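What follows is one chain in structure tokens, specifically the form deposited without 4-bromanyl-2-methyl-pyrazol-3-amine (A1IHU).
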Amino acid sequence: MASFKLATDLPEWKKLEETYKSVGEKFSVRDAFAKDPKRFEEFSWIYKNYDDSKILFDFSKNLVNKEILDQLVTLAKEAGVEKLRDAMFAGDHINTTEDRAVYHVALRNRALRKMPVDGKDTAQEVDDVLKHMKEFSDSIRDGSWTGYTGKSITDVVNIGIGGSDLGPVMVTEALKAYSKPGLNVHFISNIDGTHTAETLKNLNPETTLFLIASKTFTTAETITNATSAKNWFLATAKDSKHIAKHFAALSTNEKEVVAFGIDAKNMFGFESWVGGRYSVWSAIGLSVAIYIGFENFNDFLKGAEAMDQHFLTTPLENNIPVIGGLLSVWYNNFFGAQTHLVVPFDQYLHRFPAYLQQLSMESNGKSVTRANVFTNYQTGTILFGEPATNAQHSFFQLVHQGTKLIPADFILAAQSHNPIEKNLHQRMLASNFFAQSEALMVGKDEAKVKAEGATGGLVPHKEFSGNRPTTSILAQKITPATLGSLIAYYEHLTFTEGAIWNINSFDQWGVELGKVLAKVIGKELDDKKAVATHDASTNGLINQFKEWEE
């Protein structure tokens, strides 16, 4: 049980409402730098990773000062962020609505600390599956695991959706510099048949390995897609006994895996207490281990592990994911900003925002607290983004000159995996990273617009308000370890947010209605008889489809 019902009940929440009116709403970042010559030092933190690599988190261009952050910290203490965190790490069933542990932290327990669920250490069982993942990925990569005609595997297709897809996609894209030429990964996720047809078009069944990734192993799209891949494989291979060399499963559900015709020796298991949107660390990351090798995958886990130890052991006021979460609440609940922009100045990280969208929004898009009452305040933010410099030429116009507050996180690596032309492109990329946050803060007033040459009614069109907040995250390099630490940062930021809002960040009851309603309609699409069983819009859309379908 929670210690409180609603976040709005916490005494510091009421205090922050007043602080918002007196100091927050008209906060001047320019004035803050001028008041405090140590602002950068006070509002930036160096994270040191397990391998002594570093990441600078600079919050100093945010609409925050010591007064405000101290209050947000007091709010975090009243909301029991620490008690909930420690319960999570203790293996307690803090996913209250499903009565489950929340133990993604245990997936990357490479130190083999004691980490019990139901009073039973999980360290060894997690480790065993990783050992299996190492053996199998090494086999694929060295060419000793051969297909049904005795050939080495050249292509691996992950089939899965949401938590079983976005992670493998994002991380294989992000760490693509660590891949081996000739060993390619592919993804089928959408039920849209285009996805199957386009992905299998040029693949050879003799040298293609499928990974069927589903926590439940009952997701409608995934089982259907896996059946279609099995059909495609057998159209060439003919005999079902060959499936054992070409189909593995990443799942919690051994029963359904085996019922599907996948051998238990080819299952890479995980438990219920791994949420899908926190599963890349598990068996789900097998595609990653194959693409870039197990040791790199282990390094990614150990980056998460080090950020977990940071989150667990650091006082709130210096606790980097906590500070990120506190600013989010500040913007979401006091300013009323609805969005949170995440912009990697990194092409490899192009699918990093899409990944964070699930982690953040599926966790925190809730309307009911742990005391089982409805919120009377905003919960999860809408998270979006694209890589820079692309994003500068898409929607940054609105970020600079629009009417909406859009808290933004910019991410850059100091070193590129691709330092072509003796780093000409890298320095240009970096210059944009620095200048965009600079621009958003400093703006450009009327006087400067006039000095730069505009007259009359053109003048206001060229003004920049400035005072637009950013968080800058500078890594040395986007290694596996760095990426693991960065994801864990957003995981614990997400944690802090949900803890303050007193929501359950770890369930997803909101997907069930669409699932049940789609099955009903799917049966109705088995003929071309007009339907009148729904609302008139749903009926009209279905009936128009029936007239227009093949």
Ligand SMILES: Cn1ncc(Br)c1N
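Numbering follows the first chain given and starts at 1. Note that the rigid core is defined as the largest set of C-alphas that superpose within 1.5 Å between two forms. What changes on going to the form solved in complex with 4-bromanyl-2-methyl-pyrazol-3-amine (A1IHU):
The residue that stands out in 525, 46, 520, 513 is 513, the single one whose Cα moves by 2 angstroms or more between these two forms on a rigid core fit.
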Contents of the next structure:
Protein chains: 2
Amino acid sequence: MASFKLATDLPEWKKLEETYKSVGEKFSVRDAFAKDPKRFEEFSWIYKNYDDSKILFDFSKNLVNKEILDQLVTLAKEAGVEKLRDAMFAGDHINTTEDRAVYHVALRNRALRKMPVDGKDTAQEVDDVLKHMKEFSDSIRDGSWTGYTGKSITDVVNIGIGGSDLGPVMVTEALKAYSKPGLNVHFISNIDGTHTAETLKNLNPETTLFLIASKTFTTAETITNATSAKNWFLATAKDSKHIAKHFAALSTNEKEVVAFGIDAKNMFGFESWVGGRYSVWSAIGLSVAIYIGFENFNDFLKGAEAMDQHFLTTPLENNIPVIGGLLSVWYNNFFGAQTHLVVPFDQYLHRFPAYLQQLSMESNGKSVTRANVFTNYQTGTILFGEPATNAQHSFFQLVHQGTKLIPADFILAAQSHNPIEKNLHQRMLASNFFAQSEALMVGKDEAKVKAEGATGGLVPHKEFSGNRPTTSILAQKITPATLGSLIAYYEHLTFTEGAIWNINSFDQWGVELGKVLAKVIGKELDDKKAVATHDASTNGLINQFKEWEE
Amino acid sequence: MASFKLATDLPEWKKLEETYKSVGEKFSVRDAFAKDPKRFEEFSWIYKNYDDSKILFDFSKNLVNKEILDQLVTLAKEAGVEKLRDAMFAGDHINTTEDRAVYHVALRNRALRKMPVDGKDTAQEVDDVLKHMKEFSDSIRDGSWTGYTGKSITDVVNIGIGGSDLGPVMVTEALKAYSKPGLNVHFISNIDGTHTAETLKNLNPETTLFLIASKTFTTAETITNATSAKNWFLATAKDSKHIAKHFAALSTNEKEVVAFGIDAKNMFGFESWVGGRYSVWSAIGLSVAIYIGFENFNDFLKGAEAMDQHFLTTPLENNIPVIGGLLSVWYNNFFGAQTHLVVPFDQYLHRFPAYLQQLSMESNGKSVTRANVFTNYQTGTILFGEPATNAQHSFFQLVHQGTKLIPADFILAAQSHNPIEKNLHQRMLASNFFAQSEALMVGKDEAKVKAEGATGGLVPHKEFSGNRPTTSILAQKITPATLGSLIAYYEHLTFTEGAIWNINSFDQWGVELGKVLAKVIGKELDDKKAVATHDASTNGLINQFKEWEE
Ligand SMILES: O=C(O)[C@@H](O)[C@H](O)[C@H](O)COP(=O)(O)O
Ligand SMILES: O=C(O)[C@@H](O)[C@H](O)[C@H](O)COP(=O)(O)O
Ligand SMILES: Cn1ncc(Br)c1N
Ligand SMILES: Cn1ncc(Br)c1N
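Here we have the form deposited without 4-bromanyl-2-methyl-pyrazol-3-amine (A1IHU); I need the corresponding form solved in complex with 4-bromanyl-2-methyl-pyrazol-3-amine (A1IHU).
Every chain and every other molecule in the complex is listed next, the one we just looked at coming first.
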């Protein structure tokens, strides 16, 4: 049970409202730097990873100073962020509405600390699944695991949706530099038959391995897609005895895995306390281990574990994911910015914003607190993003000159995996990272536009307000370990936000309802008779579809 | 000049504020359907394309009724939407800040109507470039255009960024069903060297054609990328005279094309009055014509032309793109919703939201009106989206149960290009389309949550408010002509928004700024000497990068 009902009940909340009115609303980052020559030192933090590599988190272009951050930290204290965090790490059932522990942190427990759920250590059970993933992925990669005609596997197809899809997609893309030629990964997720048809169109059943990724192993899209893949496989292989060399499952539900026809030896398990949007660290990440090797996947886990330890052991005022969470609350609830922008200056990370979009919005898009009362304040923001430099040529127009405050995270690796032309492209990429955040902060006033040649009515169109905030995250290199730490950072930033808003960041009753909505209409689409069982729009859409379908 | 200064100066603006307070804020869509037995008929419109195919635009689940819509139409008349539109179609220089015509509508003038810029018809000049595009794309597809060793082309790589990239990407993905095996398209855009390295990895210089796509032919990323591709080509081909069989240009700047070493005969031209984010209809679309054939590209243009004629000739109250734009203004400026969601129930259109994100935000992310004064109201919204059904398992949680109003457009084709398993996947896909908009409207109240078995504090967590608005767009099938009409619909929706806000939807001074920002820091990255020429954050980021760079 909760220690308070609403975030607006916390005494520091109304003090932050007063601080917003007096100094927040018209905050000048320019004046902040002029006042405080040590500003960069004071509002940037270096994170040291377990492998001694480093990530610089620079928050100093944000609309924040010592007064504001001190108040936000007091708010996090009043909200019991530390109490809820420690309960999470203790394995307590802090997912109250499903009565579950929340224990993705136990998935990356490579140190084998005691991490118990229901009083029983999980360390060895998690480690045993990882040992199975290492053995299997090693045998795929070295060719000893052969298909039903005795050939080595060349293509691995993950079939799953949502939390069982986007992690694998984003991480295999982000770590693609660590893959091997001739071993490729693919992803079927959408129920839209296009996804099945286009993915399988040029694959060979004799050299294709399927991972059916599903926590429940009952999701309509996934089971239907898995059935279509099994039918495609059997069209060439004929005998169901051969499925055991070509189909594995990533799941919590062994009974449904076996009933679908997958051997239990080919099941890689996890537990109910792994949320789908927190699941890439589990058996769900098997496609990652196959694509880049288990050791790289293990280094990915160890990066998350090192960020977990930072989150667990650091006083709030120097706790990097807490600081990031506090700034989001500041913008969302006091400035009323509804969105947050994430821009990787990194092409490999092109699906990173989409992954954070699920993690953030599915966690914190809630309207009821842990006191089981409705909120009267904003919760989760809308997250969006695309890679730079592309984004600089498109919606950055609105980030620079529109009428909406859009807090933004920019991410750059100091070193490229592809340093072509003696780093000519990389230096250009980095120069854009620095110059864009600079320009959003400094802007361009009326006098400078005039000095640059504009006259008359053109002048205001070319002005830039400045004081548009960014966080810059500079890594040395986007290694597996660095990516692990970066995702965990955003996991714990999300945790911090949710704790302040007093919501359950770990259920998803809107996604759960969606999984049961479509069946009734699906039955109505089986016969061609007109329908009048819904509202007039739903009827009209269905009936127009029936007239236009095949 | 402008006929008014600010949108808040239009008399209907204050009336819409009164209507928002009295009818809008607490609008019940459930009540609306109960009150109006003809609501679906009254708030849905069937668009008929030039080829007699049809698209149903169903707005009836929006927070709108006859009174509200009639006031929005009156606002559109006061704003002179029609006068600005007619000026656009007449070739007038309505891009005031750059003193340019805005004539993407002339690109798809396949009827060869008289469409003059500066008093001179553009019809034959546009048609001549399309004739060149047909000739060249025909020769690529039939194998008669051969590489420098006499082989037919198997791979086409577009090199460009922003408006010279995203349309070609999105449309080739969207119309992929119309491609043929053995002729593939690829896209280099990011300056990040990863994009060059990974795209050229498996390609053969002997059979690869490059299209250098740049309106100006001076953009730093694109010319740098184009130089790298030329270096890659020449590392195998050795002789620069081979460039003429492997490099073409899509540009307005012939002198810079020729200076780069591309034969003028290999240039596909267009004019200054084609904005990048409106350019896929021009020579910029050459990759589309190559990938799917010129006649399909031409049908795509003809679908846009038909939607143009709808927009041009239809009174406002039945004008489909106008209605879409008026609703956006209603949500943005009276409900205060900062975002707009676009969800294609269609895997081929997975890049459609990203394309609209550029179209929308780069057009309408502006703070100054055509009277050259700053706005005192919100302008362009933040657009985002992913295809369904994937979106239903992730950020739809927030759409259903968060604290933010998120107006949403759902798009579905009644017929799939891949109707596998006797349309089993397609019927499931369709059922989710109907069920999701239905659930967002009807919700689930406390009594039903209790009837479904929840008790005590769990109940509020499983409630859904309903009255969350959607627009449903149902096409017969996403053909080239359908996609052409769909993009043009959103172009003219964006038009209508910007005309009411009285902004210039067709310049982009923040994008123009971005392309001149990085050079100063780029020259400082030629050294590893520490820099102190900027603010302390920019200095600190640059100096930390120098310490960590390779
Ligand atoms: O976030 C979620 O809970 C969803 O996206 C699930 O991951 C998705 O519905 C698939 O569920 P499952 O893994 O049980 O097949
Ligand atoms: O919308 C825009 O204007 C930009 O995205 C441009 O398309 C981009 O900067 C590329 O410019 P160009 O076509 O001149 O190379
Ligand atoms: C506010 N925010 N930004 C990134 C992420 Br993940 C969240 N929750
Ligand atoms: C508001 N809106 N929705 C889609 C697009 Br393109 C715009 N401008």
